Amino acid sequence: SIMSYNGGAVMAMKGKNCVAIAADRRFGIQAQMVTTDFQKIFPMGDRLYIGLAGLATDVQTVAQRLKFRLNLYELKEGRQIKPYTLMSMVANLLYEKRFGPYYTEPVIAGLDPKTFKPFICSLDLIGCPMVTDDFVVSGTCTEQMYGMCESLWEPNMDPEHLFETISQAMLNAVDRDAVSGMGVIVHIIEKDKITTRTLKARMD
Amino acid sequence: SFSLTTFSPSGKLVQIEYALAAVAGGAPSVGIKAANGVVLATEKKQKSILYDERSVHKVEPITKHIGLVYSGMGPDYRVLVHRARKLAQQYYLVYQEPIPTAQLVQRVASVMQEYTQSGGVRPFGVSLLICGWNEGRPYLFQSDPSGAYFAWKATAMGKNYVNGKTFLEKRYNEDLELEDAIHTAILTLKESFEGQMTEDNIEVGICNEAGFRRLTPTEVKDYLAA
Amino acid sequence: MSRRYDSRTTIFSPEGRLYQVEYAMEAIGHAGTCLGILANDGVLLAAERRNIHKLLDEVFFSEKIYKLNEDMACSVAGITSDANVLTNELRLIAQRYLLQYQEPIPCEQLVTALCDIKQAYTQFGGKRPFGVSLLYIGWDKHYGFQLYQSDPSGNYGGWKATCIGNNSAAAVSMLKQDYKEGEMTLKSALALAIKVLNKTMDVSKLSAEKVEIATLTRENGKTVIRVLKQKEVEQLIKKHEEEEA
Amino acid sequence: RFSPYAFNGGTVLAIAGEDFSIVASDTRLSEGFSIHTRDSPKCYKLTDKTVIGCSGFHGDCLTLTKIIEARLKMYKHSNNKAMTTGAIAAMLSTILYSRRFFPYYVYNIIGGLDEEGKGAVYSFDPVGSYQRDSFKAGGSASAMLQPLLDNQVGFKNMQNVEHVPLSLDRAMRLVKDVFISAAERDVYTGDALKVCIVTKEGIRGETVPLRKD
Amino acid sequence: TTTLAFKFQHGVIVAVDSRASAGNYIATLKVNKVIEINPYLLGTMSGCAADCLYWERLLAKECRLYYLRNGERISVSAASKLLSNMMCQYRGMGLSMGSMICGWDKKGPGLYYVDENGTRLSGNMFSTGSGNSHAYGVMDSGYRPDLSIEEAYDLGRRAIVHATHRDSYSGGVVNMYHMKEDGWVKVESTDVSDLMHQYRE
Amino acid sequence: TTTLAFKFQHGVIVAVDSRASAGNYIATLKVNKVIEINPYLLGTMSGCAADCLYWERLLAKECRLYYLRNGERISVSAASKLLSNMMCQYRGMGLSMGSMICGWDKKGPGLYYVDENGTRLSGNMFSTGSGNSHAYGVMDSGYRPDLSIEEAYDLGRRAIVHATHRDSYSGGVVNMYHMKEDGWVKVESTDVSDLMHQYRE
Amino acid sequence: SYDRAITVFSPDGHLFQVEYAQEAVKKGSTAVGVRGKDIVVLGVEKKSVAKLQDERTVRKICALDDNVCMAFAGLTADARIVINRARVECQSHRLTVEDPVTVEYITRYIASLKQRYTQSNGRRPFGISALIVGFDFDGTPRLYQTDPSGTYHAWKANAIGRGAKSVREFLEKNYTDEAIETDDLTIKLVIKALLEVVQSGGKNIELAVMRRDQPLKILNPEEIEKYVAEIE
Amino acid sequence: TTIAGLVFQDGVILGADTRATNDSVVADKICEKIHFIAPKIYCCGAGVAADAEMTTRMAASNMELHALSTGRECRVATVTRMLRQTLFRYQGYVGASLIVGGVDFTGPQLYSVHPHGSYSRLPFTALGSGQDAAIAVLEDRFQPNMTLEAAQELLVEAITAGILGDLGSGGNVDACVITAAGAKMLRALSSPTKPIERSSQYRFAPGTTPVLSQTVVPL
Amino acid sequence: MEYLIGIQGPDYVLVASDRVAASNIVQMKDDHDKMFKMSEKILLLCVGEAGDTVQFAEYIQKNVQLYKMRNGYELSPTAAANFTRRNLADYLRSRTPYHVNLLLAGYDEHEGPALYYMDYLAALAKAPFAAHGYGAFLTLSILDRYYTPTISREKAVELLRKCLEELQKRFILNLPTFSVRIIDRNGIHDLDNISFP
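Those sequence lines, one after another, are chains A, B, C, D, E, F, G, H and I. Position one of the first sequence corresponds to residue 4 (this note's numbering), numbered consecutively onward. Position one of the second sequence corresponds to residue 7 (this note's numbering), numbered consecutively onward. Position one of the third sequence corresponds to residue 229 (this note's numbering), numbered consecutively onward. Position one of the fourth sequence corresponds to residue 10 (this note's numbering), numbered consecutively onward. Position one of the fifth sequence corresponds to residue 452 (this note's numbering), numbered consecutively onward. Position one of the sixth sequence corresponds to residue 452 (this note's numbering), numbered consecutively onward. Position one of the seventh sequence corresponds to residue 64 (this note's numbering), numbered consecutively onward. Position one of the eighth sequence corresponds to residue 677 (this note's numbering), numbered consecutively onward. Position one of the ninth sequence corresponds to residue 372 (this note's numbering), numbered consecutively onward.
Treat the hints loosely; a few may be bogus.
[Claimed, not checked] For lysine-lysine, the following PhoX-like pairs were computed, each having C-alpha atoms within a straight-line distance of at most 20 Å:
| id | chain 1 | residue 1 | chain 2 | residue 2 |
| --- | --- | --- | --- | --- |
| 1 | C | 295 | A | 70 |
| 2 | A | 79 | C | 295 |
| 3 | G | 109 | C | 404 |
The set of hints was computed from the structure by calculation and includes no laboratory data.
Could you put together the complete structure from these sequences and hints?
Right, dumping it as structure tokens:
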């Protein structure tokens, strides 16, 4: 349908004290590819990121309306946003459009600013927030991204085991998607620091 | 549709100036933030025995963890009640969480601003005193009809509010338990109030880890024993 | 609808002036002292605190200082009521800029955008004007570090150094003397502002609580805005104390 | 009007080991949102060395299997021998084409051992195109099964790691857990598991429990 | 799907991708699209996979019945015409098949094309598939009939690798087959991505 | 319907047929398709007749309101752009109007075209109507900007007469209007058939 | 909403509102412009104090188009609304007409806004008067001034602000066919017109010039001191 | 999606499952359903997830101030009229299927709200895709004014049948008891599915990932 | 279908467009100018529906001229593309949808040359080279082979001609004449109009 125009994939897995999010770099129109540098992950502020997929028109449009509400929320508050608070914000933005709804599946991942706690969540076209204790993925290949993270995920994983798990889940699942590929950007959100890496992937 | 509030030759607002003078002569109200809780003790005076005390209550909760008292006009307060409660509603609609006291007082004080500009309407005649509990830290705020909201550890409002502030300035300090916060709030209330003090004359309520709750006349009588 | 209740705020004076606008600046003239200084290595904005009481909380950040966006910041002198709407509108305007142009707003665009709103209310609508004067600081890709000043009439202009509120003319007189254009840096401007703040303030015993200081500078390609902690301000008090006496 | 086809769900897996070939599928038969029964084995044994899976519209899965079994006897009576795994695959290709105008709606997966004793996995499509591969999948969860077998079985996208040919002990545990993970996220998979392992000695069936949801 | 063939001094070179996908999911990456008809005769595939596998084997059936009959080693021209006539009777029934026939005969290394509607063409350079237009660009640039054996491999290699990069339905490993007088021979099989790393550096 | 205009050294010449038909029945043979806007400015008609009569008078209204306002004698460029913008707001509602604007200004004898969807073009030679393609042939053959006054009349005459011969919707009498610096002027009105008898001999 | 009649008639027919609006125009800073042959020169005094105020935001010389510039004297707040709305409509004209905007075509729109907003319900009359100067086709310059009452008029030389009548007295007497004959005479005449209103002036005087199809150019202060250097 | 409730002598219990699915797959296994309205009044959603979510959000929000404005207990029938008027305003555009039950001054009451807006009073029912499995179980074994323990054993088996008899119903069973003395929440009261384990573990050694670019940003 | 192409050199941006404007079975205007000038160093290439191509691009033309005159300085190449996308995205859900394909070419004094790809759905992506129309399939593949960030404009123009000569071989529509211009620090520089006698 319309969600299959630009394709795309977004993956977020929860570790022990840290959380990792990953999405591919590909941007294309149906059978026509465009560019390799496309970015599906935008910063929400410290230790909080959001993934986006589906029609890229709404990907870039909702990202501006989320940054519309993000900055206004951060300027009014004296404290940073919690990842659980942002989940409900995306639910209101998608529900007010209920007649005209946007086409996208936002994926929110980050750490609880309280102390170390990781938090993950994802929504749907209808704007239904959902909290899972393992991982969240979205895209046209999301049926493929399940089986990788279903078996590989563990209750507690250090940044060493977390990055190795989410990276292998991306490289294996995205290669079976025709509209997805061309590099994978992986972000590691830890308590002390934040690590960004670009994986070596096939061009196909 | 023309604004009733204009700038004086001295720059002050004339309309809000009488609004602050109106809340200065209202019912005496005091509050104290000490330790893990905040004590709210107000004055409900009835002119006759025919009056039913259970029908009308001056201390009203905004939500579970937030409560509010007032000194000023009766009718303008109920308008604040409906809009502030509806604001907490519309808050819980969007954010699906209990509202922080700082954000609650901010957008409610903005409603007080709207009638210092929009025409054909008078400003509010009520000065709100807000109590709230969020993230384990108690909140005591004070708002007036001008729209500017402040924060206080302890304060006084209503008739003879200057004395209540000076009394808490001397008597009240840090390291007071909630039990001492009630008994200190009663002592500062004995000064402003005149006459015999019963459980019906005073309406007391508190907010703590369990949320904002109003005190029953039975336990108030226990605190009337000093 | 009764035409007796209308003051007709659009009436010009026989000298061609607006009454409601002139009464607005007078209310600003009673506001506390707020100043700012444009320097080579950064911008400095400091202000006093007129509300002083032992029972005050101030668990928030600054009083009259607000943050417009990542690359900009502002101060406030005037009625705190009209300041909250302007602070909201400025943030709304600066964010509506991020919608279309998706870049940090130039400090010149955000000023003329609010001023167009201020003059619209004095032009028509029958509503009273705004009683707040605002100072603006920040950095942009074109002009760099910037310091601006706004009036409730909608008039604005660029400034290297200025002051608003109480003791404004006294601080401006000292800026015409000590301030060195294109020479003193952000570090030297910090000691200069503290000197002007202590001399122009007749209230003695300046404390870290009674005053507020905020700095905005660009370091390693990122705009760094911060408010000096009371201990850090107390350290500057210990520095100025030796300088003074 | 009349809808000639409906999606009956299910999942079929086949993996070709060095000396062995493993084929497994679930027992769940459901149309729409309702469960017909929790035991409906899709795996059908053609010969000793060949096992065919069927995933798709159930009415075509039953008829097409009976047509294949009918042509199995035509061969063996004529040629005095059983069909090889590669001969059965190329046969059904022409069988699926005979309907080219009104194609059978099914996803067929054939697996087993060839004359050399090596596993041969054959994945089909309703129009009859086929290919030989080490491991294939099919059904509603087909998108789920493929990435897991690419990393684990295929050793793909892994730098500087020892590549050991597939072992039967691991191949069993890999097929079990991919379905345990499938039964979690697949509404059409679960309730039981049947694993048919074809080796040089013979076929050995197994039963594994799964969640009833 | 990207398939291309061109003829020059040293004979025909056929290059194709390995990937065939259904919808958004890739069915198989390792699919071999090139059809083997005769030792010296080489076919291709385009469009529907089953339509090619069915009809190209009928062409291979006709070519073998011919060589068993007259022993004349049927020319590429007769093979291309018989394949087109078989698609004419069923025209309009929904059969979609593209293909290209390559081989050498007494005339030379002929190159022909057969469409789904029966279009039969002749020329120096052909390509088909969803990425055919992406193939025409690189192939035409820097091409002459006088290209040598080694220079033409670089043209055929860069043809698939750069064309499959811009197509979502084209990919896999590059399968390139040179044609000679005795018969066609397998040259190289190499992943597109592995060659992408050499071109970026 | 056949309408054509072209510009050269001596200015623009507009030629059109007289016939407009509905279905198989000819509504009127004597219809005058050329719209008179200003003394020196000349419009045309194409497609729907009522859409042209309505909108071209609005253009003549705008051209008059301008000359009454600034007295600057509006250029052909400004007239063509205002006509195109009025067709943009109603785009998609079913309004079908073709037209061509001709006139001389400080720049020269400009020739513009306005389509139903808002296409605005500029060039030396334009034609519209159902017989526009029949006009392009004769007009292009034997045409140069250096053609004289008398030689260009023979080109414009043979343009309509030979184009309306091959069209069932084009016919009537030939109406040809030359354009000058002072203003356009009526040249000749002659039946197509009467000129057919002179060309056959 | 707020709907009522603001500007109303008096016993004499004069409008007290509009008249007070013109009083604010008189109290504005002095600005002047003069039509040359192929060139036009605009200038305005600046009242900057103590090197404090930046010179980038003070500029009162604005350009409506490449061929049309302007200068204003009055309330600086009302000018920013008119200049912006004039540029929106001026370029909307280039949308309607491929040819550029004649100076008379933008003047009629601008002054029309001062007509509507003066007599409109609840609105306010503008307290500004500006000189719209530019080049028409063939390179013929044009100079137009608006009025808070909404009227406009053509001028060969004109001035606005305080002492505007005094500058016109200089212009009326010293503007002849000899005047604005060449470039050197046009530059000196505009400067000499401002030399009378010089009060602690120095570098503070700002000037700008536009020549034929070239865009508006600002003459730097160093060449100002060089052209003021020759008074004999 | 299987949701059901039963009214017994001393109160009412509302059962629901924990599993939510999106059209091809299970979205969340532990996802909660029953929402909060009043201390004694609870509801549970069905049909469209976000529509049932946002509708209960507006219901809990409207009922919250009704409890704050009145200062008294909330009526269960008041909740149902709010829900259907929203469905009537949108003309059935909202696909929210809602069941509402609780105890008020009158007594234990259970209602039902169809996405088209129709409301029905009833002692017991079920909604969702697996409603027909729970209704049949509750219809046969129901008795008037059953003991609290007798109603607990029946309704848990009703949700269990609604789970095992539906593809969209799975996971644990969340039962919420509401009595005249008070309400109590029981999370994951029933777990009919034992096999929560797996037969193998997957671990990765450091250095097995083909990393190309690497950078570190301290915080 | 009209055609567009652009190439981002190290200091330069090389763009080209077809000059043919056709209707029905005939080419009415073969010299038509598809290139619109947004700013000094910023050009624009707009193709699409015949009605939406000229109308919607002229809106962008003045809207960019709005910014430059208000603030005294033009938009940057990055700022220009992002503002044009929201203009196209706002009318996407309106009753007048715009079918257009735009390439933004511009040079910046800091980030240097920038080339931006935009579809009819208002999806903005930065790319070193991009093309529109059906001819984009026959051309961009050549760029994949010969493109390097260090290429000189002298070879780029020669390679651009090699791509455009493919439009006269495989590509069906004639398109006789192409317009070519380049952007660099010295401003807009016109190049020899491609002509095929």
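Taking the hints in turn, this is what the structure says about them:
{"no.": "1", "hint": "295(C) to 70(A)", "verdict": "16 Å, holds"}
{"no.": "2", "hint": "79(A) to 295(C)", "verdict": "9 Å, holds"}
{"no.": "3", "hint": "109(G) to 404(C)", "verdict": "19 Å, holds"}
This entry satisfies every hint, going by the numbered hints stated previously.
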